[PDB]
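This document opens with one chain alone, in C-alpha cells, the form deposited in one PDB entry.
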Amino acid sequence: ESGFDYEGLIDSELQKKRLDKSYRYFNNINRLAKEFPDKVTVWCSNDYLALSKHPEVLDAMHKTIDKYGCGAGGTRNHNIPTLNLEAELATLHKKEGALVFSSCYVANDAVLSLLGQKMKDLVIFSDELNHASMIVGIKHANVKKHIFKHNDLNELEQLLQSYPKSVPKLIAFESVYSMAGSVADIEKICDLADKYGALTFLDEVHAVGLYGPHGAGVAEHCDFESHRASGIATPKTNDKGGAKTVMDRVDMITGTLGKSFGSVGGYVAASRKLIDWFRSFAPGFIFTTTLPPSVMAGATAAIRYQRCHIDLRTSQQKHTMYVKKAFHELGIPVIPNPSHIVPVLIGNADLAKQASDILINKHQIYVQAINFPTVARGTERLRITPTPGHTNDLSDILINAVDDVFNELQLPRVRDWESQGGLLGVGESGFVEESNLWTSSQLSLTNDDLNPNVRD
C-alpha cells in the first residue's frame, strides 16, 4: 500500500473554495511564485477614530524607532515602552494592571485557556454570538460550556441558578457585537455574577475608544458621570451612589490595539493578582516575541490622545446618527442598535455582494458585504462604520449612493420587510428599540467638560 493522498485531500478541500489563480512558473527561479498586482471613500473600517494616521501616533512611532529601532529583540531595557503601554491600559480601565499580547485573539485564547486549565470544574456561560477567538479560547479551556441566546439574560440566569453557588463559573461576553451593533447589559450580568458566584470576562474590542467619557468602553459608559467627574481617578461612588462601578466589578476586560487605537496587539486588564497569574503561566504570553517598541508607543499615543478627546466620540456618534436618521427617512433597512454601527439588511448574499460591487465601482465607496458564515443565511447585510472623519458632506454622498443602489438592484426597503413580518427589528410590528448609549446630554459634552487630570 502507498502513502496517504495528502494532495488529493487538499485539492478536494480547495475545490470548495473560490480561489482563482495567482501562482505561475518563472524560468528565472525555476519554480512557481505568486504573480504581483484608488480614490475611494472607506465607509467600513476597524480604524474607528482614524488614529492609525494621526500625527501624534506617527510622531510617537518615528521617535521610538530613532531611540529603539524596529523589533523588541534589539532592546534589553520588560522594556520601558511595554511598561508605558501597560500603565496606559490599566489607567484606561482603572484596573490594577494590564498585560499586552500579540493580538486580542491571543489575549482571549490565552486567558480563557488558562482559566479552564487551572479550574477543571469551571463552567463557562457564553453568549451565542461571541467572537470566534472567544469560542476557540473556551474550546481550548476544555471545560463545560453553556451557550445562552444572544443577550437573553433570562436564559443566562436559568443556567446559572441550576448550579450550586460554590461551583466555579465564568460568564464570557462582548460589550458591543460588531455585525449588528447589539450591546450587552453589563451591569445586569455583573449582578448575576454576584448572585451565582461567577467571574466575568468582557471583550470590549468594539467599544474601546468609542464609549464612556474617556473611551474606556461600555463598562465605563454604565457609570458615565462618575468616571467623567473623577477623570483617571477611581470615583468614590458609582452613578447610583454605591461603592463600586460596573467597570470596577468586571473581573477581566480584553481589548485590541488594532482598531480604535490605530496599531496592533491585544490586552487584558484586571487585578494585579490575575495579571501576575497570566504573566506567570500563560504560554501564549511567555513564549512569544514582545511587540516592537514603535508599535507600542504608537498605541500608547493613540490611547492618551483619545482619552482626552471626547469630541472623537461625540463626532462619531453624531455622524452615525446622521446616517441612521437619513436611512430611516428613506426606508433603508438598518438593523436597529444603540451603537456606532450601521448594518444595512439585504437578506441575499448575491445581492449584498453586488451592492458593494456597485458602491465601489460606480460611487467609489467601500462598504463590506457580510454573508454566511459570518451571519445567518437570510440576514446578509452591508456593514457601515461612520468615523470622526465622515463629515455630513461625505455622509450625503454615502446616503445618495446607497439609495441609488437600492433602486438599481431593487432591494427590499423597511416596508417590504414589514410585509414579511420583520427581521432583526427591521419593520417589526411593535418593536421597542433600545435607546442609544450616547444621550443628548452626553453628546453636548466637549473636551473642557473632562477632568484636567486626563492630561496628567
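Shifts are known only where both forms have a C-alpha. Only the largest set of C-alpha atoms that superpose within 1.5 Å between the two forms is called the rigid core. Residue numbers count along the first chain shown, from 1. Compared with the form deposited in another entry:
Once you line up the core between the two forms, the Cα of residue 410 stays within less than 2 Å of where it was. With a cut-off of 2 Å and the rigid core superposed, residue 20 has a Cα displacement that reaches or exceeds the cut-off between the two forms. With the core superposed, residue 32 shows a C-alpha displacement of at least 2 Å between the two forms. In a core-based superposition, a mobile segment is defined as at least three consecutive common residues whose CA atoms each shift by 2 Å or more; between the two forms, such segments span 14 to 37, 74 to 77.
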Given for the second form:
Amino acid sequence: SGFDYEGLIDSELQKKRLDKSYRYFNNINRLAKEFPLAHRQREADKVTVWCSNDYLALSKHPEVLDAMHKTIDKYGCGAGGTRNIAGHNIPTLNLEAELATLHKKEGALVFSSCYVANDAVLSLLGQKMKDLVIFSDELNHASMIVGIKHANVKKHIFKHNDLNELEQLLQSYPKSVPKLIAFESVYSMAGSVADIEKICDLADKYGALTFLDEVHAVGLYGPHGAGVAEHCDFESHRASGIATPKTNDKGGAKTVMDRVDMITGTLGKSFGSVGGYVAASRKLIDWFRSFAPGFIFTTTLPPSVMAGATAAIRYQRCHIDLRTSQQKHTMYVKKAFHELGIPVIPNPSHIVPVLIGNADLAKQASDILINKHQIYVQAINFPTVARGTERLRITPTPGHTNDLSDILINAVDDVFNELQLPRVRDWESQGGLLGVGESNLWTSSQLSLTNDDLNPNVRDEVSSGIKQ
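The form deposited in another entry, contrasted with the form deposited in one PDB entry above:
A lone chain is what you will see next.
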C-alpha cells in the first residue's frame, strides 16, 4: 500500500557513498590555552589545526573570553526570547552598533548566522520585487544560491569574475528594471577576489543594487578589518579611521564601501563567535527587521556570544598587527611551498590551497597528515570544487608562528614524497592547472604599518525601531 519512505532514503544515502561524497566528521576539540592545537577523541591525542576559519585566533582572545564570562554572570546563558519579545538587550545594541561602525554604515542587523542573513535578505528582495533580475557569480556560496532560489525571480549566473559577461547581461535589460548583483569579496576555495569597484560602476550604470558577502574578508582586509571594500580605499579609511573619509583614494566623493548597498558578514570566523549580519542604510535595515521571517521568528543569540563578538570586533579594529601578522605567516608558507615545489593555487589573499588533483589522494594526504604528523588539514572535493582540482585547504593565522609553519612545511613535503604526489614541475609539464605550472591585496607598504599608524579615534535607533 503505502509509499516506501525508507527505501527512498536508503538509496539517496547509497548514492552519496558510491560517488564518495559521503562525509565522515572529525572529532576536533580546540584548546583555548594552546592555540592552534586541539585534541581528538582522547585528550592525549593532540594535533595542530591548519584549516580553521578562526582566522585571527580571536575565539580564544582574553578580551573575548572575559566579555563572555562577565556577560554570563549578569545575563545567564539564553536570551530567553526573540527580538520582539524579551530578547532585545544591550549586548545586541552594542554588537549592531559595532558592525555599523566597522563598515561605516547607518545600521546593521544581526541574524543567527550569515547563512540565515543571506537567505533572509535575498529572499525578501525577490519577494517584494517580483520583477527583479538577480545577477549571481558562478562561485557564490550555498547560502546565496539558496537565497536566490527562494527570491523566486529571474536570475543570470555570470562566469567567475567575468565582468564582461556581467555587463552583457546587465545591458540586455532596460535601466528601469530592478536588478541585484550578488557576489563575494573573497572566494574561499582558491582565494580569488572580486573587483568591487568595477561592479559598483556597472551597478551605477544599469541601475542595480549591490549585495556583497565579505565573509572571508572581514577581519582580514582594510586597515580596520572592514573587508576588501575598505581595502579598495585603504589610505582614505586609514587616514579618517572611525570617521567617513572626506574623499576616496582617487579624490572622488564616495568610497567603495559607502557605495555598496548591502554588505553581509559572519561573526563565526575572524570574529571568533557565531552569528551573521548585514550592514546597510537605515531604511534597508528597518525593512529587513520589519519583514524578514528568519529574523523575526527565532530566539535571539545568547548575550554572551554577542559580547564575545563585540570584543573581537573592537579589538581587531585597532590591531592591524593581526592582519600584517597573518599576511606574513601566509606568505611565509606560500614561499616555502614554492621552493619545495609543493603546488599552491596562486591567489592574492590569505588562503593556501594545495593542489592534489585526485579525490582519493587528497583524502589520503589529509589522513596521513593527521595520523602520522598531527596536522589537521581538510581535503576539498567535488562538489565544493571541480573534479580533478581537489586540494588541501590551509588557512594560517597570527598564531601560526614560523616554528609551527616549519613543521607543516616539512610534513606536507614528507607526504608529497610518501604518496608520490605531483610537484609544480609535474603540473608545468601537463600544461598547468588553475595557475599552477602556468598581486596581493596587501602591498609591502601596507604590510609595514603598525598600530601606531592608525587614527587614535579607533581606540575605545533602527535596532529598536523608529517612532512615527
